[PDB]
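Use the sequences and the hints to build the structure in full.
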Amino acid sequence: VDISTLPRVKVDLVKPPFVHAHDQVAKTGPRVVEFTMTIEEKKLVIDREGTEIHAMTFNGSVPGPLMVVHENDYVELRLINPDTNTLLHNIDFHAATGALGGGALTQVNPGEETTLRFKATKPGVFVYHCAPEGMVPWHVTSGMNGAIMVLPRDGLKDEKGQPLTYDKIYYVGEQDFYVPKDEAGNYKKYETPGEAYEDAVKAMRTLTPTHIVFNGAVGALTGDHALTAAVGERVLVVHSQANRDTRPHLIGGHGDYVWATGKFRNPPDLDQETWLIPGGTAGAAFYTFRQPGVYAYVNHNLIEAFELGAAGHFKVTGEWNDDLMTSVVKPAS
Amino acid sequence: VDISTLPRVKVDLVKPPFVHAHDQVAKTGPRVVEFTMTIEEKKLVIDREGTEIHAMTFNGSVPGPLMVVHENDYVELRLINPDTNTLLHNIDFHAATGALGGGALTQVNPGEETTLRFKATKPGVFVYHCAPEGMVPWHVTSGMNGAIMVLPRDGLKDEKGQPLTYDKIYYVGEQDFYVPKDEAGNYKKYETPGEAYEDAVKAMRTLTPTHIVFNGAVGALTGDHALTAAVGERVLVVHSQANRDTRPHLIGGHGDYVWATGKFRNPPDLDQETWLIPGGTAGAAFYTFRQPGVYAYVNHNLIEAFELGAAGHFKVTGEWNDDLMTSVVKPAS
Amino acid sequence: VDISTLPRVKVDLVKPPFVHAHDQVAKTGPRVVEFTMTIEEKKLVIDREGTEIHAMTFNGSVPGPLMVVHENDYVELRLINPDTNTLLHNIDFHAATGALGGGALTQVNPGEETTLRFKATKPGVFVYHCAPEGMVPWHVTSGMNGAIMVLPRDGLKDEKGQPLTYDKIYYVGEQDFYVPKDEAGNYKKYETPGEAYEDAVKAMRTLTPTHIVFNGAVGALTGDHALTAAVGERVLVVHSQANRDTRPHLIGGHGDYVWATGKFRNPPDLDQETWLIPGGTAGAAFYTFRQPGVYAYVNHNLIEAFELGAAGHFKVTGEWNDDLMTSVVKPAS
Ligand SMILES: O=N[O-]
Ligand SMILES: O=N[O-]
Ligand SMILES: O=N[O-]
Ligand SMILES: [Cu+2]
Ligand SMILES: [Cu+2]
Ligand SMILES: [Cu+2]
Numbered sequence: 007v008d009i010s011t012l013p014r015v016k017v018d019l020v021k022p023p024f025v026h027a028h029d030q031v032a033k034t035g036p037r038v039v040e041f042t043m044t045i046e047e048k049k050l051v052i053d054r055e056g057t058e059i060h061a062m063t064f065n066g067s068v069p070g071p072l073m074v075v076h077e078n079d080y081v082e083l084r085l086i087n088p089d090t091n092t093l094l095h096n097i098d099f100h101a102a103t104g105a106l107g108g109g110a111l112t113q114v115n116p117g118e119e120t121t122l123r124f125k126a127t128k129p130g131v132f133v134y135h136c137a138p139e140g141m142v143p144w145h146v147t148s149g150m151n152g153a154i155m156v157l158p159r160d161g162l163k164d165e166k167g168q169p170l171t172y173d174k175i176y177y178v179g180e181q182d183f184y185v186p187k188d189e190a191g192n193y194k195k196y197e198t199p200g201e202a203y204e205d206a207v208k209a210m211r212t213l214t215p216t217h218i219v220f221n222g223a224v225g226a227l228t229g230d231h232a233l234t235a236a237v238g239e240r241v242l243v244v245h246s247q248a249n250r251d252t253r254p255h256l257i258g259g260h261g262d263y264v265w266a267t268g269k270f271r272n273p274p275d276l277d278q279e280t281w282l283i284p285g286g287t288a289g290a291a292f293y294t295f296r297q298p299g300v301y302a303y304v305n306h307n308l309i310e311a312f313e314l315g316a317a318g319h320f321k322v323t324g325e326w327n328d329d330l331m332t333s334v335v336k337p338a339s
Numbered sequence: 007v008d009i010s011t012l013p014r015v016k017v018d019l020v021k022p023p024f025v026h027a028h029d030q031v032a033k034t035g036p037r038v039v040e041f042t043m044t045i046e047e048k049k050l051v052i053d054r055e056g057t058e059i060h061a062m063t064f065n066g067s068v069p070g071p072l073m074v075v076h077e078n079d080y081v082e083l084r085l086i087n088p089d090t091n092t093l094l095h096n097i098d099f100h101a102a103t104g105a106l107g108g109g110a111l112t113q114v115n116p117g118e119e120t121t122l123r124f125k126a127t128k129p130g131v132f133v134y135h136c137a138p139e140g141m142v143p144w145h146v147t148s149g150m151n152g153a154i155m156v157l158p159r160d161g162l163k164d165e166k167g168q169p170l171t172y173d174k175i176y177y178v179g180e181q182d183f184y185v186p187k188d189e190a191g192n193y194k195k196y197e198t199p200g201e202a203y204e205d206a207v208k209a210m211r212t213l214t215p216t217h218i219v220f221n222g223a224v225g226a227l228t229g230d231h232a233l234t235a236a237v238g239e240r241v242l243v244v245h246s247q248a249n250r251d252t253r254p255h256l257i258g259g260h261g262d263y264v265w266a267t268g269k270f271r272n273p274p275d276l277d278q279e280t281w282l283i284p285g286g287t288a289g290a291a292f293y294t295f296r297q298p299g300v301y302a303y304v305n306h307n308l309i310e311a312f313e314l315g316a317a318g319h320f321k322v323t324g325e326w327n328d329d330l331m332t333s334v335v336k337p338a339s
Numbered sequence: 007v008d009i010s011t012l013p014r015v016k017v018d019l020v021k022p023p024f025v026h027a028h029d030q031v032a033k034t035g036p037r038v039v040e041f042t043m044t045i046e047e048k049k050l051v052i053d054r055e056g057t058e059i060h061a062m063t064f065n066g067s068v069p070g071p072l073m074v075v076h077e078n079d080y081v082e083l084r085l086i087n088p089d090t091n092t093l094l095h096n097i098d099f100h101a102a103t104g105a106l107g108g109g110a111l112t113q114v115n116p117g118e119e120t121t122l123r124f125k126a127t128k129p130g131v132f133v134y135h136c137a138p139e140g141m142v143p144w145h146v147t148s149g150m151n152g153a154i155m156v157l158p159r160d161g162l163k164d165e166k167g168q169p170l171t172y173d174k175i176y177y178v179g180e181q182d183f184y185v186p187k188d189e190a191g192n193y194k195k196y197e198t199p200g201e202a203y204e205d206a207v208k209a210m211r212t213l214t215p216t217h218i219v220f221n222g223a224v225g226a227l228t229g230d231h232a233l234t235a236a237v238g239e240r241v242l243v244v245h246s247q248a249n250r251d252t253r254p255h256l257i258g259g260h261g262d263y264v265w266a267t268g269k270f271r272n273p274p275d276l277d278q279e280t281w282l283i284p285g286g287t288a289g290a291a292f293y294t295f296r297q298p299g300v301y302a303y304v305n306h307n308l309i310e311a312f313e314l315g316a317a318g319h320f321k322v323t324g325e326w327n328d329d330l331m332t333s334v335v336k337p338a339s
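Protein chains in written order, with PDB author numbering: chain A, 7 to 339; chain A', 7 to 339; chain A'', 7 to 339. A prime marks a further copy of an entry chain.
No wet-lab data here; the hints were simulated from the structure.
Among these hints, one or two may not hold up.
Treat identical chains as interchangeable: a pair holds within one or across any two.
[As the list claims (entries may be wrong)] The calculated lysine-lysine pairs, modelled on BS3-like cross-linking and capped at a C-alpha distance of 27 Å, are:
(1) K33 with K336
(2) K208 with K33
(3) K195 with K166
(4) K16 with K336
(5) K163 with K174
(6) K336 with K48
(7) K163 with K48
(8) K195 with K49
(9) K48 with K208
This is the structure we're talking about:
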């Protein structure tokens, strides 16, 4: 087909955990969906102690923004590497077919840009990440990863073929960082990326993250940046991990319908407490809130959650249901 | 509904790996099922070397006992923290909805008790664990976790909707411990829980368990405490891991029907060799024994099994089937 | 039945990643399928640095060869331990039922052989591995493992019950090695297996592989030993990991149909980006190539892939499809 005959629609991305506006059920035929991202190398403070790293980002955030299209749309990405950056970058879409997911076609030095197009032939949530030959895990584990959602044209379906429609969506990107340590255990700091590279490699080879965070930092999805919902609302939480396994859990809730490995032609798993998202994958969980209050959303390696950073909060408004749960006798001597 | 109009039934729990008597198919309407557990902080010897830790238990065991109810029963738990203990505790049920699984409503100092009720709205096996704010992974990885089984009212079903009925059930709780080590690698010992806390946190942050055990100790499910079955018997093995992934395997057998992430509205996976139970989850495997003899039941990271403790035995009685397996020529020069 | 009345067929095995000739749909009734393997202890160079270990192999390779039979065939294995070896060995088939998978019946000292027969009652891909009592993880993590495929008699089926027929098959065995290190981090070398055993145990107990490789060495499945396919070809990739989780990914492709835990009575997962194969399991992924060029096949812990060795290549011939992917604007200032 002549792609030039198709509609074009430009998306304006938003910072995670929010997601750009879209339609669950496609209201048009196939489109070329136009995205732009600008790579930004920047310093980021990732914990309460003030540890500062040299992060590598798509669009200034860890994770990069969630892109949303429908099955058999074309994704057309303008990828910009400004001359204020110092490294070579590219992009690999797990949603795409060919050329190492696009990485072989999108190598951009500082001061260059490129435009890639691919057909989104499979529905699901997928990781995208930078992948420069020879330096792949360093870029990924410096924050250079995000996700793309390819919705079925008729939206999501349950295990029986009935519609599932979310009221809200959030994107939680989980990042393992490997901050080099000296013998005594304190983090080391580096003057340039080249001077850091060997100790970055050493640190990665321990297979032991120093930090595991949501939305780029310890506590990022707490306090005034907690996730929010109301009792009765249907929420989809997209979760990605580009490099290492995770096991999400909503403390006080469930995954009512979960695609743990993220691919919508498969029936969802029902009533999950915890789900495994393998490293290199995006997954999605659908839940209808039934109680108000604070929930924690965690990686249920609780060490990873509460000691290394992989924990966020929901604040949920509405009525308490004492049939579902109540304190019969409050704590007392 | 007025819960006060429902039948009440008191359960008397038993020590793992055994399970209190119950009905697979519900013989009554919905009930309030009454449980009591008493928290016990105690010293436990966990390996053959004599390493002794300060364990934190529900009902004196690691894991805590398996609770069994049916879908849409109410679970009413009296949780007692005697004044002989020294720490604050609570309980989070992954089966429950709201208040951080019950943890926000069940904080008990030594000398206090509380009673929680929740509706068991989803069928499956689920983890429960202590979760005191700020100290969650330390309590969990000190042994303070167990599981609850919420059976469908019409019992278990295979992938075709046909009944599956077990003859025996066992509960295997798998515990990762993080015993602090000095520089030379020997375990450190501590005078009080507060003096131990920072090195406990340090030890956990390595993400490398020193011990991974079934039923609280190396070898606990061997010798006179081996699991038992007969050829032809249908056995359900419930397995939980509150904090870290595991991959159970019956050496010499299979999981004929497995709910690896534990939730019975989903069809089981058939004919598994090994299954992944993510940290924070309970799973269940159904097997019909076909050969007698010794079987090993293991986490199939074989280092975790045979060097760190995650191995137990079945002793199975009955006839040998030479059609299924035989030595044609015994080992010989 | 009198097994002596059944046809016998002798298989001549081939070195991974290739697979001996077989039929997907069984062209005969049930057979006794005869295999022979000779154990070989040998030195192997496993990385580009020249690190040499004392490997323990079935048939001289890491992994051991893929065996292929059909459901309800009998597997009859002659296992030979020549007197040029120094250790005791045996074999455990995860496909088999009884006697610890055969290990209790196949203990062979150097200079001995044995013949085991078992009925392959369950279809799927399964691990096999050595398992000498007391020394199990050392033999497995020295390379002594492979896989067996038990095909359904009517071949593979998709999620709808329609045939899936592969044009090519490859077997990727992934091996975690634990090469002991001194305090400074250099590999230690040993004079005899007994002198190595305690430091091998110490190294394993860190749960941190020094090397994670495909087909026995860093780079083994690259260059002149890259995997090959053509656009339009249907390829099945069998992947096993006898001891540790992995998460395969075809960079630039997908798993169109995946049995992540390897058992063919279950419907496959569709359109996977990445899949989790738990330690102790074999899995299988089916893909139809749609684009030519180089693909990387990796464990998508990218540190494990690109820094520790768990990466191979496909070279795919044929036409480029610009509808599926194209560079709209090549990288430029
Ligand atoms: O479910 N809470 O750790
Ligand atoms: O299956 N045994 O390690
Ligand atoms: O998908 N590549 O790392
Ligand atoms: Cu980059
Ligand atoms: Cu506690
Ligand atoms: Cu061996």
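As a check of your reading, is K195 near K49 (CA-CA no more than 27 Å) within one copy, between copies, both or neither?
within (12 Å within a copy, 41 Å between copies)
inquiry  = For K336 and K48, with the copy left unspecified, which applies at a CA distance of at most 27 Å: within, between, both, or neither?
reply    = between (50 Å within a copy, 26 Å between copies)
**Asked** For the identical chains here, do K48 and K208 meet the 27 Å Cα criterion within one copy, between copies, both, or neither?
**Response** Within one copy only: 22 Å inside, 30 Å across.
From the Cα coordinates, with 27 Å as the cut-off, is the pair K16 and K336 best called within, between, both, or neither? between (55 Å within a copy, 20 Å between copies)
- Task: Could you place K33 and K336 in one of the four classes (within, between, both, neither) given a Cα distance threshold of 27 Å?
- Result: Neither way: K33 and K336 sit 52 Å apart in one copy and 32 Å across, limit 27 Å.
* To do: Pop the pair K208 and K33 into one bin, within, between, both or neither, using alpha-carbon distances up to 27 Å.
  => neither (50 Å within a copy, 54 Å between copies)
If the cutoff is 27 Å on CA atoms, where do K163 and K174 land: within, between, both or neither? Let me know, please. Classified as within; 16 Å inside a copy, 34 Å across copies.
Legend entry - Alpha-carbon proximity between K163 and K48, which holds within one copy, between copies, both or neither at 27 Å: Intra 40 Å, inter 50 Å, cutoff 27 Å: neither.
For this session: Classify it for me, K195 with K166: is the Cα-Cα distance of at most 27 Å met within a copy, between copies, both or neither?
Result: neither (54 Å within a copy, 55 Å between copies)
Violated hints for the displayed structure, listed by number in ascending order: 1, 2, 3 and 7.
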